[PDB]
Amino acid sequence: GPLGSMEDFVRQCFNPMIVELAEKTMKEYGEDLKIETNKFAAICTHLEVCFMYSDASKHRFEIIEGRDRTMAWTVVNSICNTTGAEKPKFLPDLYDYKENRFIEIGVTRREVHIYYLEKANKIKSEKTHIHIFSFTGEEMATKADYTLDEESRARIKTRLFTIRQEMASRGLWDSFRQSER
């Protein structure tokens, strides 16, 4: 069976805006997508999920993810000044204007409860909401509050399942799943 290249797959699978934002993220962090290509795919996947999460309720969420880091912090600080929300210690992915809280979106190939616990230990915040997705349909969220309804989250889960299936068809899934740290 042919083993495809992950860079080929990423450039064929994600829309060009997502690919370009992922390229800029990796440049900002001094990473080379041509070598760390599983990470390139992971960054693209996380961007796509953040955008889908926002699109599930247009106008409800401010998007923080995808922006360069300086601009992202400028947006976080603006939200905090406007809404009175407490400033997060690490850059979150969205701000929810309805529930008045920042959100960390996780997408993982590891077990979602462990990943959830790791993220909650990292950000160390009593306000920021965490929502973890896997590629096989499992999810986990702060206080069992999943924010979006079943139809919206099913759309996200189906996209993730499709990505995993297309990776597997190209012989890419085994390495992509194994390489997460």
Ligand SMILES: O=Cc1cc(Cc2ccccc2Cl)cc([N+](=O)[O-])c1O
Given for the second form:
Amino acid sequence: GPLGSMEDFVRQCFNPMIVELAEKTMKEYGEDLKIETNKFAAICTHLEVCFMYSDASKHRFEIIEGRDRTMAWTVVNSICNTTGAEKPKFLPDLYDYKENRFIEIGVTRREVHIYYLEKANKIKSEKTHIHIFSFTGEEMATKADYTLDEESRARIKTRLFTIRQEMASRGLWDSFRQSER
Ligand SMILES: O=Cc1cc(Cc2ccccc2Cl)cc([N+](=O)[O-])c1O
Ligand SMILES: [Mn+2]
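Return the structure block for the form deposited with the ligand bound; the form deposited without the ligand was the one displayed.
Below is the entire complex, every chain and molecule, led by the chain shown above.
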């Protein structure tokens, strides 16, 4: 049918705060949202998932993702100096004060196991916990430890489904799904 604009969709369906943060991210990494619209959408999605993940248990998680890079690294350094946790080589999305480990969160259109393996290879850290969500409800987590209960993760998955099917409703899904990497 009628093909829609990804930028319009992103601005209509994501919270304005999230949008601003995503724009800030893309500016920071030199990417133009006006052209890299799928990347823009993905960054919004990943941000929202990180925030929902944090929100599932307030006072447990420090949020790293969303801050400017220097600020984020400052926070990471602070957490390491305060808790004695090993410094990660790449910027994680969260810190878990309860389990005393950083959390890397992935959101993928690809096969979750493969994606997980790529992440676990590309962090080269050992204590950082990895949690991968797909748009079809699949999950993959380090040591099969999923951290949050089924209801919280169900909320996350449901949001992902909503996004996927509104995109599909606008004819955006086909392009978005294969523009990964
Ligand atoms: O897909 C977008 C995306 C964005 C981010 C945000 C981000 C975090 C750190 C550096 C650059 C960027 Cl774009 C992170 C991940 N990730 O960890 O799977 C992402 O998959
Ligand atoms: Mn990150």
